[PDB]
Amino acid sequence: XXXXXXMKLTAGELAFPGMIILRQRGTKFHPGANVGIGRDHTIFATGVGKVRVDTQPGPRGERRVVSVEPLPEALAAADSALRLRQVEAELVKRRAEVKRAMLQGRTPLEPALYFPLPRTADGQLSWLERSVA
Amino acid sequence: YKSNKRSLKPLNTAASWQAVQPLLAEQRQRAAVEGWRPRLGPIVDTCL
Amino acid sequence: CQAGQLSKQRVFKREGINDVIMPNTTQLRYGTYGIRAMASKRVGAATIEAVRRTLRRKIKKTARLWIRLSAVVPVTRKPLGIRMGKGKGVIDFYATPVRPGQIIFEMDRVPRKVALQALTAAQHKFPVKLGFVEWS
Amino acid sequence: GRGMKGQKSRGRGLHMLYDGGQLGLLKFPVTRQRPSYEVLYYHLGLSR
Amino acid sequence: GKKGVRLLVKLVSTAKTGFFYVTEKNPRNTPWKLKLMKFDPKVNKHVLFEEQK
RNA sequence: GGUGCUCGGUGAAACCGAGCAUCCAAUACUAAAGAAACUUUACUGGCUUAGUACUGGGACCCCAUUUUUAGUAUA
RNA sequence: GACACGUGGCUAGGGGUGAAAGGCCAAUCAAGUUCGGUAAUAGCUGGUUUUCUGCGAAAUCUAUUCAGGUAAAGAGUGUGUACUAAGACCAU
RNA sequence: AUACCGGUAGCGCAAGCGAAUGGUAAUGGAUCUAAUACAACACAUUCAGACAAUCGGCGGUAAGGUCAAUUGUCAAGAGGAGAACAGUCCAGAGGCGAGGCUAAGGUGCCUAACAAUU
RNA sequence: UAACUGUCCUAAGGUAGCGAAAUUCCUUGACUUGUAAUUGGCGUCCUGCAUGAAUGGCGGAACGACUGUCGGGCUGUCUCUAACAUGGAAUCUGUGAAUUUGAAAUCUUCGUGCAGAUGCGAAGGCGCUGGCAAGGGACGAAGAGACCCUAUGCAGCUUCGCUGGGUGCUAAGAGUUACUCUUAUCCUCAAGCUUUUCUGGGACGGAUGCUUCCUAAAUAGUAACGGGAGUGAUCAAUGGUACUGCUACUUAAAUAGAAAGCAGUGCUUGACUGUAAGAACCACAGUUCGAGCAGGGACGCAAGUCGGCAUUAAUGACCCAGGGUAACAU
RNA sequence: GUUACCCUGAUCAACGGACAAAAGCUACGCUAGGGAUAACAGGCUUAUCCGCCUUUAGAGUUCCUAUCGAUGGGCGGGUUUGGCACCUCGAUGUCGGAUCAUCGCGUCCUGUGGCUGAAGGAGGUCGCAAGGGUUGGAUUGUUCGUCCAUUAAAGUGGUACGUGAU
Ligand SMILES: [Mg+2]
Ligand SMILES: [Mg+2]
Ligand SMILES: [Mg+2]
Ligand SMILES: [Mg+2]
Ligand SMILES: [Mg+2]
Ligand SMILES: [Mg+2]
Ligand SMILES: [Mg+2]
Ligand SMILES: [Mg+2]
Ligand SMILES: [Mg+2]
Ligand SMILES: [Mg+2]
Ligand SMILES: [Mg+2]
Ligand SMILES: [Mg+2]
Ligand SMILES: [Mg+2]
Ligand SMILES: [Mg+2]
Ligand SMILES: [Mg+2]
Ligand SMILES: [Mg+2]
Ligand SMILES: [Mg+2]
Ligand SMILES: [Mg+2]
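Residue numbers (the authors' numbering), protein chains in the order written: chain u, -5 to 72, 85 to 139; chain p, 119 to 153, 173 to 185; chain l, 135 to 270; chain k, 146 to 193; chain z, 5 to 57.
The set of hints was computed from the structure by calculation and includes no laboratory data.
Don't take each hint at face value.
[Said to hold, decoys possible] DSSO-like mimics (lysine-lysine), calculated; alpha carbons at most 27 Å apart, straight line:
hint, chain 1, residue 1, chain 2, residue 2
1, u, 99, u, 2
2, p, 120, u, 105
3, k, 172, p, 123
4, u, 105, p, 123
5, l, 212, l, 142
6, z, 57, z, 7
7, u, 105, p, 127
8, p, 123, u, 2
9, l, 175, l, 147
10, z, 29, z, 39
11, u, 44, p, 127
12, p, 120, k, 172
13, l, 212, l, 175
14, l, 247, l, 192
15, l, 222, l, 147
16, z, 14, z, 37
17, u, 22, p, 120
18, u, 99, p, 127
19, u, 2, p, 127
20, z, 29, z, 6
21, p, 127, u, 22
22, u, 2, p, 120
23, z, 20, z, 49
[To be verified] Partial list, computed: chain p residues near chain u (C-beta under 10 Å):
hint, residue
24, 129
25, 131
26, 133
27, 135
28, 140
29, 141
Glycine residues also receive a C-beta, built at the ideal position from the N, C-alpha and C atoms.
With these hints in hand, go ahead and build the complete structure from the sequences.
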C-alpha cells in the first residue's frame, strides 16, 4: 500500500513535459499555465519550464495555483505556438541523449531481437502481431 | 518513500539542466551580440 | 467523576506534563480563593470525590465549591490471569490529567483561614502536592 | 565460505532458480509463434 | 455477487467480420437488446452493435 | 474618467444610454475579520547526572501600531 | 489333570500363534533376523585440517505449504567505467 | 542572491493560528573526497538481534517484557574509569621502548598524583 | 412437592424393581450406629454435575496369594531401645576390576555475572598429607528422549477423508453346451495417499485481498491477534458534451467541491481503434498519472472537452478449457 | 488442424493462487533437533497479597486517639495468586513425612516495661528481648482443616514453600 501523496517538484525546479509535479487527493493545488491535471488530480507539466507556486483569490478561500513558467531563453528562440513546439522538441531530444550518455549502456534500452521486425502495423511499433487480410 | 532503492531523481535533474544549457548559451550570446564572487590570491598560510 | 457520554471509547496517552506559567489558565475565573497543583499527576475519580468530601466537610452552605476537574478519561486495566496481548482490556476506572499550574478547587468568600484549613485536609488525601492561590 | 547451518551449507539440495515459492518465471505468457522461414537462410549483405 | 444479477454480455457488429465489444448490463433494469454506435476497426466507420450472448 | 444592481442591444463577448454609494473632496465612536511588528514564556536543535553545567531558534493569546469592512452620530 | 515331562514332526513375517497381555515367534518385535535396492533421505544436529596481508557487513523490507528454509531489494568484496561528481557537509 | 513544501509541539471556547529540527531545488565553496558514484560485470554473506539515552503504543506512566521513531555502543572492539561489569563514560589496539603530553576519572591509605584554594 | 391437566422441536422421552454407587461437582449430604476423637466402609433418606432386563437390572451358598473395614489372641512394628549369635565391613598376607576423567596447586561469606561462582571483586581464614566414617555441594555419575514444541519426518491403527477391480461376493453378456472368460458396481478385506500457516508455549477462539482515519513524532515512510469505519459494487444512465433555475449539502473517512450540491433539459456512446515521450512508485511480477500523433466519431457558434463516474476500495498471475475473426495448412 | 488477434470462465477468499482428489488417533509409539516453544524452580516485576503508617469522619452509655478503623494517599518484602520467558530439554525429586538441622522476629510461652474503662486476679494493646521450649494421636494420599485433653505454650516464616549419591 503506502499511498505516497505529496509534492514531487518544488517551486523553482526545472521541469520537462510529463513530469509529475504533485500527487494529491482532491484539488488542494489547482492547475495553472502549461500544467495538466489527471483523474486523481495529479499535476503534470506540459512544457519545459521552472515550476512556480503562487496564491490567487479563490471561490472558497486562498486558492494555490501551481504553474510552469517557460524559460526566458525560450520565448526568445520562438506562429509562436509552432516555434515553441520546435524549441521544446529539440530540448526533449537533447535530454534523452544526455541521459543515455550518463547511463553508460548498462540498462536494456531497445529490443534489438534476432526476429523479423518487431510486429509493425501500418502505424508500426506494435508488440502485438495481428494477421492481415 | 519505503522503497530502500536509490532514486534516479538526481540523474533526472542533472539531465534536464544539461539539456537546456546549449539553448541558454546561444540565446545569452545572441542578446550579447544583437544588443559574481571576488576571489583572493591563494596564500599557503596566514601565520608568519 | 464518570464519563458522562454515550460511547465507551478508548484512550492512548495518560499524562498531562506541560507548564502554563505565563497568563494561561493561571488566574482564578469563577472563585476568589483557589487550590492548585504543583506537579503533573494523572489522578483517578475516587481520589477526586474523596478530596471533595474531605474539603467539603470544612465548607459551609454559603460557600460554593467550583470543581475544575471532571473524570472523563477511560483507563483500561486487564484482569489478573490474562496473558500479555490479545487486544486492549475493558475500561476499569476514570481518571483526569493534572498539569503543574492548574487550579482544581477555587472558592468564594468563605474565610481565607478556613480555605487554608480545607487545603491541608485536601493535600493529605491527594497524591501530588497542592498549593494556595488567591484572587488578590 | 558457506556461512552457518542453512540449506546452502548442506550442499547440492536447492536449485539456483528456486525463489522461495512465488513462481515468478511461471507468471509470464507463453508464445508459440514460429518465426517465418528466411531465418534459416543465410543472410548476405550487398556491402560484403 | 450472487444477489447482483448484472452480467457481462457481448455486442456483435452489424457490418460484418465479427468485431465485438464486451460490456456489462443489468438484465432486469434493461430488457432491451443493447444497441449502440461504436467504432469498427475492420471497416473504419461507425456501425451498430446489438446484444448477443 | 470607477466599480456594481439590473432594463434592454448584438456576436456567444464586452461595452453602451440611466442612477444611486464612494474612488477624490470627512471626523468619531463601536463590533468584526486580516497585515506586519514585537517584551515574557511555552515549545524545541545540539550538549546533557535527567537542566546554580550550558547554548541556538522561537511561538499562541493580551496590550500597542495599522488596513478591509459594516453599524451608530455630525451642520 | 483345562496336568507335567522326554524324543522326533507341522504352522514363518504384512505372516504364524495367542483361555487375547500390543503377548510370544532364539536377550533391541503395533511388523523377527540377514542380505540386496543403498553411498536411501534428513530445510535438522555435529564437524571441516598450514601461514601472512588488505577490505569488511547484516539481523531491515517484500514474497513464499512460508516465517529456525529460500529468493529478490538494502548493506560487503574484487573488477570495470566515469565525474573536481547521479557524492558528503556548510552558507545564502 | 534564496525560494517552495508540511499542519504536528504549543495555544484557542471553537473556527482557526502555528514553531524548532526537517525535505527538495538553485547558487558558492583552494571545505572534505589514500576515496566516492554507477554497473544486465562477478562472488558472497545476512534476513533469530540486544541494551543505554530521548520521545511513544500495549502493559500496572510494572518487567535485562513485547512492539514503533531518532542516536550510540555491543554484535564484529581490545585499553583506562565505573570495586567486580556484552550494551555506561573516555577512547578506536601494526610491532617493540624502564621516553613525554593528555581524555574519562582522580589527587587521605590499599592505589599513581598538591597540608593547591586550607 | 405437581400425582391429573396446558404448551414447543421431537425415533422416543428411562417401568415393578435401583442409586452420593467401581461410577453424585456441591461434600466433612443432613439420619442412626462405629471411635474419646472417622472426609476411608457398613444400614436409611433423597436434591441422578455425568445410573439402570442384554453396555443384561435384583440379591444369595461355596470359592479367591482380589479389594475396604471391625473384635479375640499374639508379639520389639511402637512407647524406647538393650544384650547376644552368625556373616560381611574394619587389620594383615595373597590374587586383583569398573563407572568417571579439558587441565588443575580445587577455602568461606557477601556482591557481581548466560540471571544459584573453587577460579571475577571486597574482606577474612588456612602448618602439610592421610586412614576410618556421614553424604550438603561439585547444577555428582549413569540415558545425546521423562514431559512440551517443531520437522518436505516416520510407523501402525481408525473412519459417513480421497482414489482405485487389487480381494470376496453380486449384475449383464459369452463359451465349452456345474465351470471359465469379458465388462461394470454397491457393501466387505487388503492397501496407497493426503490430513497448511500467524500465535508473549501448544490447544481453543480469531484472522489471512483491497480502501480510509489515529498510532505515525508537521516531505515521504514507519510496528504490535493495537485502536474506530468500509468494501468483493451500483449505473445504458449515476457515462460524454452544451446549457437552465436555486443554494448549505456531496460519502465509508480524509482531502476537496458555487458545483464534483439539489432539480432539470437538447443531442449522443470517447464505457472507442492503434499508440505514447516523460514521471510517481517499486525487490520482482505487477500498480498509477500521462501531454502529444494517426483513424473514425460525439457535443459545442466557438473556446475547447470526451480513452467511463471528484479521487483514494469493488482489478485473481500463469496454465487449462471454450467462443468470434484472420492467415497458413490438409 | 497450426498460429496470432479480440474475448470469456474459480469465496484459485490459504486472495503471488502444491504437484489430480482428499479426515483423525497414538497413556504402544519411533527418529532428528530446540532451553529458539511450555511444566517441576532459579532470575526480573509487584497488578493481587502481607506488614508499616498517614488522614483520621466516626463507633466506643458522653468524649477520634483504652481499644477498632470508614475513605483517600503512600513506603517496605517477594513467603500468595499472577505477568515475562533470561537459565538448564547431550533427560537433573517437586505438591508429603521419617530422621537431623541452621537462621530471621512480625513473640505462643518463659524474662519484662508503659497506657489502661487498672479492685491485684483476668484481659486488651504497645515497647525491649530469639537463650531454649512448643507434646498427644483418632480421620483424610493431604502441606490444607477440625475435635478428642492434656501443657507455660501446642508460633509463623527463609531455608531450589530445607532435607531420595540417608
Ligand atoms: Mg521385510
Ligand atoms: Mg545494524
Ligand atoms: Mg525468516
Ligand atoms: Mg494540536
Ligand atoms: Mg538503531
Ligand atoms: Mg562498532
Ligand atoms: Mg571495551
Ligand atoms: Mg574495568
Ligand atoms: Mg567377620
Ligand atoms: Mg553468589
Ligand atoms: Mg580428616
Ligand atoms: Mg573415606
Ligand atoms: Mg510439515
Ligand atoms: Mg475481487
Ligand atoms: Mg481458439
Ligand atoms: Mg496459500
Ligand atoms: Mg493436491
Ligand atoms: Mg517461575
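Tested hints:
{"no.": "1", "hint": "u:99 with u:2", "in the structure": "23 Å, holds"}
{"no.": "2", "hint": "p:120 with u:105", "in the structure": "26 Å, holds"}
{"no.": "3", "hint": "k:172 with p:123", "in the structure": "24 Å, holds"}
{"no.": "4", "hint": "u:105 with p:123", "in the structure": "19 Å, holds"}
{"no.": "5", "hint": "l:212 with l:142", "in the structure": "16 Å, holds"}
{"no.": "6", "hint": "z:57 with z:7", "in the structure": "21 Å, holds"}
{"no.": "7", "hint": "u:105 with p:127", "in the structure": "12 Å, holds"}
{"no.": "8", "hint": "p:123 with u:2", "in the structure": "17 Å, holds"}
{"no.": "9", "hint": "l:175 with l:147", "in the structure": "13 Å, holds"}
{"no.": "10", "hint": "z:29 with z:39", "in the structure": "12 Å, holds"}
{"no.": "11", "hint": "u:44 with p:127", "in the structure": "16 Å, holds"}
{"no.": "12", "hint": "p:120 with k:172", "in the structure": "25 Å, holds"}
{"no.": "13", "hint": "l:212 with l:175", "in the structure": "22 Å, holds"}
{"no.": "14", "hint": "l:247 with l:192", "in the structure": "11 Å, holds"}
{"no.": "15", "hint": "l:222 with l:147", "in the structure": "14 Å, holds"}
{"no.": "16", "hint": "z:14 with z:37", "in the structure": "11 Å, holds"}
{"no.": "17", "hint": "u:22 with p:120", "in the structure": "24 Å, holds"}
{"no.": "18", "hint": "u:99 with p:127", "in the structure": "19 Å, holds"}
{"no.": "19", "hint": "u:2 with p:127", "in the structure": "10 Å, holds"}
{"no.": "20", "hint": "z:29 with z:6", "in the structure": "15 Å, holds"}
{"no.": "21", "hint": "p:127 with u:22", "in the structure": "24 Å, holds"}
{"no.": "22", "hint": "u:2 with p:120", "in the structure": "15 Å, holds"}
{"no.": "23", "hint": "z:20 with z:49", "in the structure": "12 Å, holds"}
{"no.": "24", "hint": "129", "in the structure": "6 Å, holds"}
{"no.": "25", "hint": "131", "in the structure": "7 Å, holds"}
{"no.": "26", "hint": "133", "in the structure": "4 Å, holds"}
{"no.": "27", "hint": "135", "in the structure": "6 Å, holds"}
{"no.": "28", "hint": "140", "in the structure": "7 Å, holds"}
{"no.": "29", "hint": "141", "in the structure": "5 Å, holds"}
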